[PDB]
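The form solved without the partner chain is given below as one chain in structure tokens.
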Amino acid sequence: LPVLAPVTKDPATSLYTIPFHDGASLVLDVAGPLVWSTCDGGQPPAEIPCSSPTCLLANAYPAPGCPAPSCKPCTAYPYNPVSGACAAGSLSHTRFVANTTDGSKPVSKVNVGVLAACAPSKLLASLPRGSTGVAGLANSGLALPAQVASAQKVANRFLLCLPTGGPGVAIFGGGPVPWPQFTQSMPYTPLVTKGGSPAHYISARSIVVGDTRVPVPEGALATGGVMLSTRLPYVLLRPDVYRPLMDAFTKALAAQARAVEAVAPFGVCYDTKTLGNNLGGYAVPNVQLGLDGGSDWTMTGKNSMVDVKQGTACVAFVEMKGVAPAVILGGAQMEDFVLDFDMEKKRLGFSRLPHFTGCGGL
């Protein structure tokens, strides 16, 4: 059966973790191609030649800043998605200890055999305390969903219900989408595979603030132009989309709030004493992404505003700087949606939960 693990949002880092084994957790990285962890001293490396199909899967999506040398055992290159650091590690057999589920509730304890790259302790910098590595949930052969699929003979497909607080849900292997009271009419949009990337991309055709379409330059919103990411809590926007979106949002907010000095990395922040509250969180303009398939991904205050410190909340849209997707949706835009990442039907289901519930404790 599919494998269920509870999801915790780390208060200090805002990253999301699942229990892995023995009190240790892994960070969920939906753009990450590998499962990697520190390993006990003397942990045996798996007997995998570098020429092996399995090794090829391990190095199919190279880590930025690391070699991938010439192919005699297999070396993979675990990548910390927060700090950007990488290092060599040997693949090794390990266990993902969780429960099976026939829907949303645990049935039996299960120990799933998976291959993980054994990383050095220094790669844990910037990860949550108690985390020992990363659970890559990208569309790659040695990502966690693909490995559960092979071990349990279930689907290369996973469900996320990321929490704002309390234990959310991750289910690896499909089955009918749970909570039909909320998900019976779940919209779907295609997952777009991009060459050279294992990440999950979808396509937005329009952006709307309140009821007014945000004008963007010609071709700005293109097939596969929206990436999903659990590395940051906020949205990253390419400059052609950033400016018109932020202008529309701040103008609409000013027509309904007192701006304050920006807190890095954010561009626009407000004094929370001057923000109202409605069912969706802070009373700020609704933002809708019109996706392929005709349904909208909606952002309310809980999605578009981040509490950074007492007295200040910042708009969760941050301009990309430096070196490409128009939009990278982050954690707080995924929170309290049931998301069905289906790499077999090549689609993403996205059910926004009603205001009176949420993923935590679901």
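Shifts are known only where both forms have a C-alpha. Residue numbers count along the first chain shown, from 1. Whichever C-alpha set is largest while still superposing within 1.5 Å between the two forms counts as the rigid core. First, how it differs from the form solved in complex with the partner chain.
- Among the candidates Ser295, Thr298, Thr312, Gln43, the CA atom that moves 2 angstroms or more between the two forms after core superposition belongs to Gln43 alone.
- Here is what shifts between the two forms when you lay the two on the core: just one run of at least 3 residues, every Cα off by 2 Å or more, at 41-43.
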Second form
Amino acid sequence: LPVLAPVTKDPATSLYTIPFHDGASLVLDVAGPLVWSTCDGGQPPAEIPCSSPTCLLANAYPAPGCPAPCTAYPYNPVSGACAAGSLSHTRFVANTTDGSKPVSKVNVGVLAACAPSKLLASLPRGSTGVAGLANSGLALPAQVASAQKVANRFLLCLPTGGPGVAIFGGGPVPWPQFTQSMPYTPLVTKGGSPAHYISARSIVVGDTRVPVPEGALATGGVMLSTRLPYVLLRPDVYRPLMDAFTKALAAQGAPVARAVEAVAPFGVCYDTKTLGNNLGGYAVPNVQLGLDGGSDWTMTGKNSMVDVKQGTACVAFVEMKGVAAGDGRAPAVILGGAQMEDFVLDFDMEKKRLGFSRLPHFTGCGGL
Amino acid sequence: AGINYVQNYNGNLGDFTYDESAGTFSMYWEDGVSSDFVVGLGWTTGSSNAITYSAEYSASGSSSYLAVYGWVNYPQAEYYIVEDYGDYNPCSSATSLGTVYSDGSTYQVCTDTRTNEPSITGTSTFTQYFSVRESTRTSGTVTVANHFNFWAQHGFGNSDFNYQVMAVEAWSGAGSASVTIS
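Cool, the form solved without the partner chain is there; where's the form solved in complex with the partner chain?
Every component of the complex follows; first up is the chain already shown.
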């Protein structure tokens, strides 16, 4: 049977974790190719020479600050820090499931890189590493698929709070009351990256398509990420999308939206006393990505605004740094954690497609 | 009392029409919806007044509710008294509080905690209450006081109401509704 773990959104870091074993948790990194943790004895180095297929695979996607028995280079996806580590046998201890509820305890053997404790900085308290959920052979979903004899496919239901859901191994998508009409869009494999990409052909703010340059939105132009809570936008998309958003927001006897000094890392922030609300969250312009397949990925206030401190909420679209406007090697859009929250997401790397069911307002991933 | 409040969350996903003075609204979504809407009519401030309604409600092909819908300010709560529904019964998933009998049927009662979710005061943690009619119907009188009194045994404020409407909600599939609140 597929393997089920509960997902926690850590309040301090906004990162999502699952229990791994021994009260240790791992951070879900949907663009990460490795599982890595700190280790002690009883995670002994595997019998893996550095010319074998497994070792070259473990080093297939070197992190920027890292060139090249086996030694892999685990990467902290928040700080960008990396370090040399050995591959070792470890246990992923969870439950099986016949849908969404636990059935039996299960202990799944997986290969993880053993990282030094310094690599834990910027991760949640109680986390000992990172669970990579990218499309590559040593990521957690692929390893669960081979060890538990289930599908190379996983489901995420990331919570805003309370326990969400991660299921590794496929089967029918649970909660048909919410997912029976689940839309799908193709997963696009990009050269040199294990990450999950999809294709948006349009972006709409309110009911009005955002004018983007020709070719700006391309095949595989939207990446998925759990590293940040907000969306990153390449500059050529950032400018027209933010201008459309701020103009529409400004045009809504209640207070009129009032901009305030930005709180890093955000660029555009508002006095929360000047924002309304509705059943989707803050009453700000809806944003939709029209995806290949004909369905839209929707953002409402709960997805497009981040509460940063008392009195201030920031727009969850942040301009990429170090990427020129119109640079097709970079994604146009990187969706983040708060835009995936309260969606049931079916990452099917066998059929190469992503199912995305936004839950209706009266429910959510937490407690599902 | 006379209608003074229009509930319109994503009414634009179908054809929402209403007339506050006549107490009527209709919502057609026969082309289907792929997002959640909640539409209806009622009052800026709810009360324990009985609500009498008549409806044509066709939702066999939809995940949908026909329900009294509203909020309580404190303790913060979202609630539904579901008179009829489509392909999903909302007390299947939730913590049971037993039953309450009102207006000719047993209702199943359930509750849930809603953590860090949208509310009438922004992102919040609050309680949700459902009463779901066992013998579904599309017209009658809802003696809301009977529901509110029972939920008050389980944390419902039963006072300090925010808005309260007769509503149609759907988030999948296709259907139609026409409602009169007498």
